[PDB]
Amino acid sequence: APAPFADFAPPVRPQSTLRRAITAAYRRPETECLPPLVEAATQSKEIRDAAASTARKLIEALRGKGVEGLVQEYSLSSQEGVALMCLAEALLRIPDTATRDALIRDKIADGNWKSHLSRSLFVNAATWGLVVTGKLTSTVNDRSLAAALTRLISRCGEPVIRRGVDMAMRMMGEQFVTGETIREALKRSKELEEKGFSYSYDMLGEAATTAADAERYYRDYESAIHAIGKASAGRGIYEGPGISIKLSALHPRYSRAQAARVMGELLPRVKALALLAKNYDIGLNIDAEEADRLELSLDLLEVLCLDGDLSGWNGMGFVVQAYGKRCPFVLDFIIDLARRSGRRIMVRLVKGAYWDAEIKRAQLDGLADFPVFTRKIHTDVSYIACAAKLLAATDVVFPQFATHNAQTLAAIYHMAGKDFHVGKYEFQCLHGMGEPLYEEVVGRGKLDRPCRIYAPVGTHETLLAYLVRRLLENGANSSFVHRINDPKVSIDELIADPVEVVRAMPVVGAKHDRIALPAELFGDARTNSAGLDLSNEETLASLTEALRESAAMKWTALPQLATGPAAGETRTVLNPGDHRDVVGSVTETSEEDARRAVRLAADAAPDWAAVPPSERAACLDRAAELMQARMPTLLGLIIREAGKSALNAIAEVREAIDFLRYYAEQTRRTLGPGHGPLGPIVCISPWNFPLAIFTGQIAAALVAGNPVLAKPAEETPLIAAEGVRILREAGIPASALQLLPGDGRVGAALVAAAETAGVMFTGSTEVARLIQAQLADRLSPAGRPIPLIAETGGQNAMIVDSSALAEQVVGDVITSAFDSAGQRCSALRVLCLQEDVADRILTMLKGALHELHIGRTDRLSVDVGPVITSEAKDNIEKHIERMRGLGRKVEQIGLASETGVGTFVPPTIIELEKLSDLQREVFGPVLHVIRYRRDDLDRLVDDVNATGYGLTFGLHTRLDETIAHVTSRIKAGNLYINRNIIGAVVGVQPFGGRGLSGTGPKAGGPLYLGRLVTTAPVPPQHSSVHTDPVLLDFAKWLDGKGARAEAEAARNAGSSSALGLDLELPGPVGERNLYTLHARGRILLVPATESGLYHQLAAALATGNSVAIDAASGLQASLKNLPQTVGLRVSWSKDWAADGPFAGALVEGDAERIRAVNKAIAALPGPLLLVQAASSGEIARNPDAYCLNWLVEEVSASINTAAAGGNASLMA
Amino acid sequence: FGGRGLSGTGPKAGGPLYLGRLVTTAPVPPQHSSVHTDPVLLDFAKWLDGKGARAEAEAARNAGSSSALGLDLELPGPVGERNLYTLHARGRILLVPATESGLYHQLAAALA
Amino acid sequence: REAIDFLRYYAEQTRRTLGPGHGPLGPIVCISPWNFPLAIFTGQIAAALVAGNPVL
Ligand SMILES: *[C]/[C]=[C]/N1=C2[C]=C([C])C([C])=[C]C2=N([C][C]([O])[C]([O])[C]([O])[C]OP([O])(=O)OP([O])(=O)O[C][C]2O[C](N3[C]=NC4=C3N=[C]N=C4[N])[C]([O])[C]2[O])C2=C1C(=O)[N]C(=O)[N]2
Ligand SMILES: NC(=O)c1ccc[n+]([C@@H]2O[C@H](COP(=O)([O-])OP(=O)(O)OC[C@H]3O[C@@H](n4cnc5c(N)ncnc54)[C@H](O)[C@@H]3O)[C@@H](O)[C@H]2O)c1
Ligand SMILES: [Mg+2]
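Residue numbers (PDB author numbering), protein chains in the order written: chain A, 14 to 78, 83 to 134, 137 to 1231; chain B, 1010 to 1121; chain C, 673 to 728.
If you're looking for bench data, these hints aren't it; they were derived computationally from the structure.
Treat the hints loosely; a few may be bogus.
[Stated by the list, open to error] Straight line, CA to CA, 20 Å or less: simulated SDA-like cross-link-like pairs of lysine to any residue:
no.	chain 1	residue 1	chain 2	residue 2
1	B	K1021	C	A683
2	B	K1021	C	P692
3	B	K1055	A	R953
4	A	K395	A	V526
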């Protein structure tokens, strides 16, 4: 039996002093990074003057010397230019030239281009938009482009099509790539090699998602090395061409979490390529990628440079990124490695290509700081400082200064001085971008310094995959290439010395003013929770010890009544991934003590309600600080008790911290003396988010002034008991928060107890239906229904069309379906693939499936942990075998023998024929796949809605028409565009669904606290200037019937309604997070009086709903001669169960009438209904008798606006 | 400029639909598109699909896409003013069909 | 000013749209009110003309 966390994340090798100094700088404050870089980058006034003159001379040459001319000749708008290039791209996909010209002449030019050209013409329009406009739009307005294409063809005919085709052919065959194949690229390299340039070839491709794709990239590199080495023909590593590789192309799990696989499987592949480069004596450069791959790549560089089989060859090269805070320390490590190995490492200094992505990633992960600078000028100073370090070590490394910035170039040219020989150092540039600049550098007639051109190689399909990066770079106002073209910027501004500009700043190295540190994402509202960097060796080493120590603690959970801990039946709590690992002990609550706890809560309710809301919120904030400080220990418990990986557990604790701080702030924004608490609230929580949802419900209830009976899931009582301990330490009195461990009997006994004033339930729909039935008997002392928040299961779909990027889709599907072994309510259950791309994506998906590591979760390398119990395993497996028995194709990962000691289900893909093949939620790692024809998209959305669930939903598309269509027709609470559908963030994606998925209001949203008090407050930002027009028609109808008071109340409801609220919530860069209020659907009205009916109808119509009115009320004659607009919204129901599903209900009557109706409503099939009831007298006295908060439906939508490959907003 | 009802047939003078009325085949005006698809059009297309009216369902989907209903633009003009231009439904269209297929095509155009 | 703007606007809209498949109707009769005696007069005529129609 392995000791817990004994092998959590051991580093590849012991960290040397030089390696440790790299790690120490990972997220160093920007003000601390800059001063040493300023000093190292300082040059004499003579040199600065000479560099400025050289820079000015280069820039004057640049300014003194395609698509734009085409746009001009045919008077094209921007959209027409983009549409034309998309058409040209499509026509070039026709291989035969004569066939293409015939299609152009006879079919395209003469009329309908649409009739002749499963994939939108405009799939790559974001790229062409960058080419035409210099601006990035993350999605494509495909209806605008279609109109523009029709317009331009009808106006200009075949000549403009011919010119667009020839332009696209030149750009895609000669400008974006040096050649389509390595042979073609080598042929086209001779011209500039004869002038003194050299080449490094980049076999374009995506990062590997599968073993097969990594093997394909390997054979592509190997074949390119042969062609390059044959062409090099003994010219050597400086004069002759070389190759550049990206490590992520060569292994599908290139990450620190999979370090052992990287060293075991990726390293030999790089070695084999390096051995071939050695035999031909060409350069082989390792390109630099995301910041969390930097230090991992150093372990590969170390082993390769120490491997005697590669000795005698100085061609191994390595990129370092000057925008990274570790860059000078990385260079110290590399220079020392070069000395130790005796290999003259070729070091390519770049500024860095992932800037926007690094900012977004650090914010999402809640880390202390960025791993890159945030002011562009800091990167420039870093680059020059690092060049000074490299130029002092040319005996042991070969510096390669990759830049298109003439000021950067000039500064280094003069820094390097007058002594030069080929092999001392070189410059580098990108094909088709740097030739103008370096034609003023290479050659005895210029500066007589060599330049190596980085040459992309690949077909048109491969090039379009990630061309947005370079184009977005050259279009950013900070980019030299953009500024060199901007007439509004002078040469003086372009030759400004960044070293002296930074030195003279009032605070040297201050963070960019307009970029939020992750902790400050929400500004003054609240402090963001902090995460942990699992790529940081210091963090991993510290976490290893804290996690081990957490496994040595004697975790217990006891019935913590107001009077003290109670005795009960005690049993062990076992690790679901290894039942030999005893995590702790739980004493469960007798039904007698559960009922006693409710009585003690009722007795203590006045004392807790009298704690002012601000001080209740202070308790929540103190609990958040405690959980943040205790996160490492909490991680260890969650990992072992609940089957979570370290990443899952960090997200779990962060979410609890965010709940505490969000509900505290929402309290400070809203709660006053008139928002009286309900009374004792029973909080019943699921096993699968055993700290986050547990904490969220309890915190909300407590901060609203209610004492809480906390009933955690029987599977996960320990982390629950620890959360209660933290809340009590933070100042929640024992009488206000009682913990009652146990199974559903304890939950049921709490729900049924006389003094229970409200219930907050998260769990299965079936259990919620049992609680709904138990509460249907019950009324408050005021004679009103006991409020129930019931947040339940999902049957969550993702729709993928042929414009989506397969690698992006597969990553988001793998994460959404199999993270936490599918044991998220948000998990992806049904993937819907457009038929034209289904086979390719499915093959990639199955390949990615088999790269997952399943096992006990106290190892960083484990991706997918166990299912929670043997019963859950049996239920999931029964479903899989039923599907297999029907002949459906089933793909499963093989499980390791070690899983036998726990309860594991392998990640599984099941190919279905129809969405109706699924019956109920299968809460496990089981992804179902269905295919659809594009014309059937609307019917597919119907099919998704038809399950009756409505929790999470994903859409992958680049096409605005498809976004608008799908998002307007889908009925789900949490929408996600071009991203995964999991990990909703508190106050950013307020979380919760509709139908069988929930009553609402959403947890982590602004309507939540208002449900836990007798009179709901007005939430922040909660209003709408829009008035429902059917409500307005009804108010006029009422005035025509003489019902003057009801017409006034109807108009007031129309104004009070927040239907149409449409907000963007603050969050991370690279994402737009939207929150909107919609109609719920059809509301069941059960009136008793005419005026009651009018008030009910006004409330329902003002919030956008239709209604079904109880025909047994006998009030038909009160609604004669309705306007057709109102009649369209009104039906009469004799059999309520036949006319559903409803989305809520309004009831009028005395207490016993309300009780009877509530029993009838609870018996309706399908979704739990949020019921509001009032007496006739209450309707007359209280305009808010029916609260409009609960008659609208919240919808959250999260759009990944970086999905096109970059962040347009941050480029400015 | 131009109105509806007793005030005009349209298209508006000084607007982008105007010239297209004065030729036998109207062009696609500048900026004339919409990403929104009428939901009743979508339901009509599915109904046509179920009946096997394949040409008509295709015509309906094409009308749904090329319709500029929902266009909502800000036009360039002076500072201190916002000048908006939007395309709404006309209202109720009189349909005078002769054949079943003609009626389906008329319905597609009107619903879209 | 309005007459000038009609002229230049329909000129530009023509440059943005009209090609060989956008055939003219033929003779167009332009009947105008007294109250905008140059602006609407010019606008209707200019549009019909630039669309390729002779005007009465
Ligand atoms: C595959 C890969 C590749 N590589 C390379 C190579 C070569 C030869 C070259 C030339 C390049 C490359 N890359 C890219 C780089 O990095 C960059 O990006 C470019 O180059 C640009 O730079 P330049 O020319 O220098 O320009 P400028 O303009 O001067 O600059 C720009 C830059 O900056 C920065 N930023 C911006 N913004 C900002 C910044 N920072 C801070 N803050 C702020 N706000 C950035 O960086 C930009 O970019 C590459 C490579 C590799 O390998 N890796 C990488 O990463 N990259
Ligand atoms: N909508 C959401 O936000 C959300 C979030 C997480 C999980 N869920 C759902 O939760 C389910 C998985 O969690 P689970 O397995 O712990 O759910 P569950 O329904 O099996 O149990 C949830 C809680 O109800 C209690 N319970 C069982 N019977 C009860 C009864 N008769 N009366 C009162 N309480 C009773 C349990 O002890 C537990 O504390 C999934 O269906 C998942 O989709 C929903
Ligand atoms: Mg259960």
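Results for each hint:
no. : hint             : verdict
1   : B:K1021 x C:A683 : holds (16 Å)
2   : B:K1021 x C:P692 : violated (24 Å)
3   : B:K1055 x A:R953 : holds (13 Å)
4   : A:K395 x A:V526  : holds (16 Å)
In terms of the numbered hints stated before, the structure departs from hint 2 and from no other.
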